[PDB]
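Single-letter residue listing:
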Amino acid sequence: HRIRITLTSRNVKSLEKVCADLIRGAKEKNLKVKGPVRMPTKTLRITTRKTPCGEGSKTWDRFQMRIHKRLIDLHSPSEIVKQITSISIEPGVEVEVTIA
Amino acid sequence: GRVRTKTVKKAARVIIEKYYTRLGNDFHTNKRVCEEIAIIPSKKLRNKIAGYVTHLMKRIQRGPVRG
Amino acid sequence: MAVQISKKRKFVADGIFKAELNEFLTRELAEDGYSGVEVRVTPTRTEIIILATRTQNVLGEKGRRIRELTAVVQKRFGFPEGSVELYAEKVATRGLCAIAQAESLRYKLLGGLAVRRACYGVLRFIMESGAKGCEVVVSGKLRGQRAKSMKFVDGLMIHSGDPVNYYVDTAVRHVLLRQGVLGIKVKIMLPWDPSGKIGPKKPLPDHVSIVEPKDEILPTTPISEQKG
Amino acid sequence: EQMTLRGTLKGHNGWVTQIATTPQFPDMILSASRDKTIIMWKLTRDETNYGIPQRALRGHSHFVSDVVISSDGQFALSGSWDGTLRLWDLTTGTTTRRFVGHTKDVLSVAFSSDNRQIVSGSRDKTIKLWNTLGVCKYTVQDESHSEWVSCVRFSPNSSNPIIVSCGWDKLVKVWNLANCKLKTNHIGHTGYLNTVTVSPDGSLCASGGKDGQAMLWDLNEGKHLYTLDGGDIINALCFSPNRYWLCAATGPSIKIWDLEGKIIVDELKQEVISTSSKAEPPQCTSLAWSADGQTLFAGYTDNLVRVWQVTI
Amino acid sequence: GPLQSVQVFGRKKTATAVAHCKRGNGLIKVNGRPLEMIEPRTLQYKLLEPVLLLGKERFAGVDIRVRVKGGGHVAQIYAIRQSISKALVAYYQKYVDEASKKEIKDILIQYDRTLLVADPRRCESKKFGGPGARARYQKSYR
RNA sequence: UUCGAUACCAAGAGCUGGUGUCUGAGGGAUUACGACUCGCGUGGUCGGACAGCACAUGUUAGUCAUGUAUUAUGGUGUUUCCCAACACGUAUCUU
RNA sequence: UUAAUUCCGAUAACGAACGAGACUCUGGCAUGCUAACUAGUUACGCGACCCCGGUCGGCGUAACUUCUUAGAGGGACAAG
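Protein chains in written order, with the entry's author numbering: chain V, 18 to 117; chain S, 2 to 68; chain E, 1 to 228; chain h, 3 to 314; chain R, 5 to 146.
Please note that a few of the clues may not be correct.
Claimed, not checked - Restraint-style ranges between C-beta atoms, simulated for each label pair: (1) 63/h - 2/E: 49 to 55 Å; (2) 38/E - 27/S: 46 to 52 Å; (3) 276/h - 28/R: 46 to 52 Å; (4) 103/R - 196/E: 36 to 42 Å; (5) 38/E - 63/V: 42 to 48 Å; (6) 143/h - 38/E: 38 to 44 Å; (7) 63/V - 30/E: 39 to 45 Å; (8) 89/E - 63/h: 43 to 49 Å; (9) 214/E - 67/V: 53 to 59 Å; (10) 42/E - 132/R: 50 to 56 Å; (11) 160/h - 27/S: 32 to 38 Å; (12) 26/S - 154/E: 44 to 50 Å.
If you're looking for bench data, these hints aren't it; they were derived computationally from the structure. C-beta: ideal position from N, C-alpha, C; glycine also.
Can you make the complete structure from the sequences, with help from the hints?
Here is the structure:
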């Protein structure tokens, strides 16, 4: 019965909107739910030179891209939370659901 | 290097002139008054405004405030 | 699935997809009044929203252009057939889209309207659209062989700090004239609205608003208002 | 006669904000401060210190606004600026239950006479009352104060199960606990109200505001009786449990009046003059009667509690 | 007798130390070893500071199990000397007299503050054009 | 040395608190219906109140509008899928 | 006077705008909050050893969130 939903997004408050939506769903459908486990954030860091050519004073850009991850566990059959997980899909957040 | 800018000072003088009767000597209560009466968009700005409000009002009693 | 890309490489691949897609649509529909793209990856669908202004032209003849663009984007990016459904949506208040103005000015200047008259014309349209303030720069070879930069500003425009991210909308473009490339830079400072339609919902981080007090009248002597 | 001092209690690091006394343990008080600590005391009435701090009740986030003892003497309910309440036992001072639901700062808390109801006034325009297992029974925001509900107080004479509420919109609101709804408003004040305390015989209520005018309203009727101009701002009011005296904290002094003849019984400034060199004096923040009404405790701004006793 | 357990930590640098105080007889051990065997031995007394000052009379009622991670040698030594001292103050206010804690705190804090208060310093970030935080590469004229 | 309040138990009482019987006042989505886009399919969006009913009908309202079954702009009954007494409503079990 | 055309004062100027500051990211504080078999703890039972205890990154599941993670708020303002 141990279904696991992994919510992954670049935006935090859009991730927290979908996360707080699925817990509201699990609780209003009377299901055992492990709260959202905040897995450590990953910082995709690339540092470039700023100039296209060579002859400017040595200046560097520092581009970052944070990626955030929650996972919520559920003790329930597949098709109930399938109807819940189909509800409230945002353009930003990315969902992956495993069964066992 | 703690010189308050025109933003903090003007906001403090406008808040006192409109709401003298609520603000007092205590910093923490009139932090909460300024929070409610003024839609201030950041927390550090609210604290600096509230800070200068309970400096102006703590000298209004002494006497000749100009601005 | 079997290849099983990491979240890092997957999210960069998602970003590059948008980068190459934005390049493709900008190159083709520059002269059709195209604003931007939005990519909703619906359950076993890829619902690409095209934001335009003149949506009849990005649509084509009985949806010939859309069926054309759906066919090639499916072909290059290797999606399965039917799992790519495009949707043309005209933007309300085109005046406050930096790309719409920058690419329209471009097609006026190469058309044959004067540089000064084009800049003033775009500038007046933006300030009547309701931007807080605008800035149209047209730089390159103007009035001979040595190059100039003409700068047309009206109203308020901020330059430094984070609020530049969500109040100032920018657009840098190139136009093909016979002397060489004329570079265009259009800046639009958006108006603030609590609605969140045409501008951002966050007020400027130093614009302090004060509630004015209700000018009531003090009760002189004790009254009471008994009820039940 | 008069009321005279012996010494001071040193156990707070922030401003003492409120004191709660129990009729069971007269050698024990609780005081709520402007740090995250409620200090329970053990009063020896000796030479070096009148009382020594016996317990430190820690576990809040912000300044503790109100502390209130149970009739048992084995629960001390407290309300703080983090919007939480802490129902605690004084056996060890460990946590039993916590209340959540209030959003902004909780300003004043109060028990029922049967220790079966809680009521809480907050910086949001809401008077929330709770069952004893910390879930919201009812909230009143509709026909309520338009500004902060500073103080809320239950009936000692609960034959009329009433509650009295002084706020920041210059009114006092009387409510029926039958349905928790508005009965009579008390209009007349000229500034936000700090405190409102019910006479121990549960007949009439004294409202102290900024202006520093203590107004006696009636609770038998919805009518005014008289006023007492203390002079300076009245911070906290307290009523004699045996005598017919008012005790009012008129800024840096507490003045006790007689109500039979409207004249000051006694005036209380700590004439140990310390602020003789250019500053405002450390003012009294709250005050509490002991078991009998022979011993007054007064919490002051400079992290001190001064204890007065009626000599004759 | 019942539960009298309290776990309190001490950070000076990236390092951290956590001390499990609980009733018994006097036994203070860091990752198994006694306090005479934690290295370097040059910093013997820096570990004995709270013991030497409070005396064995105050410690002998309870035993403490310290566990450490992060930072380096000096760091973890300032972490453990903080962790056991903080743990005993937290113990002596929660389970015995408040005057007993007031006595301990005033003695420890007035000898040295770092036994209770962590030093808030952390390694500052590097920026381009220099080999460290502030030092810059050699500029050449002519 | 008589006059009125205080530490307690017995005679049941009420109240509050626990628990929960019950109706749904409401609250929501979406799908019914309402539109605007249309490349004709959708897409966007009002999200049940705005939406229409069949003269079926819950009540009557100037007695004058009407041109005296009559639809006034009585404006409220029929009626989709969920959570529902802070809607402090009340059953039962107890303080 | 300030890090600053940063303010106060003087004052035929008054009231404002951009840059400065505010803003954003990060650094440090929470024995408070919501949560953790992809983090760990304290106990507990078995198992090994030294003489009831000592150590256990040996094993295994009842409480939990101090330790680790990342969300929300609180916090500092020349306030005393």
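Results of checking the hints against the structure:
1. 63/h - 2/E: 49 to 55 Å: Holds, since residue 63/h and residue 2/E (Cβ atoms, about 51 Å apart) stay within the stated range.
2. 38/E - 27/S: 46 to 52 Å: holds, 51 Å
3. 276/h - 28/R: 46 to 52 Å: holds, 48 Å
4. 103/R - 196/E: 36 to 42 Å: violated, 59 Å
5. 38/E - 63/V: 42 to 48 Å: violated, 25 Å
6. 143/h - 38/E: 38 to 44 Å: Because 40 Å falls inside the window, the suggested range holds.
7. 63/V - 30/E: 39 to 45 Å: For residue 30/E against residue 63/V, whose Cβ atoms are near 29 Å apart, the range 39 to 45 Å is violated.
8. 89/E - 63/h: 43 to 49 Å: holds, 47 Å
9. 214/E - 67/V: 53 to 59 Å: Because 55 Å falls inside the window, the suggested range holds.
10. 42/E - 132/R: 50 to 56 Å: violated, 44 Å
11. 160/h - 27/S: 32 to 38 Å: Holds, since residue 160/h and residue 27/S (Cβ atoms, about 35 Å apart) stay within the stated range.
12. 26/S - 154/E: 44 to 50 Å: The hint (44 to 50 Å, Cβ to Cβ) holds, given that residue 26/S and residue 154/E are roughly 48 Å apart.
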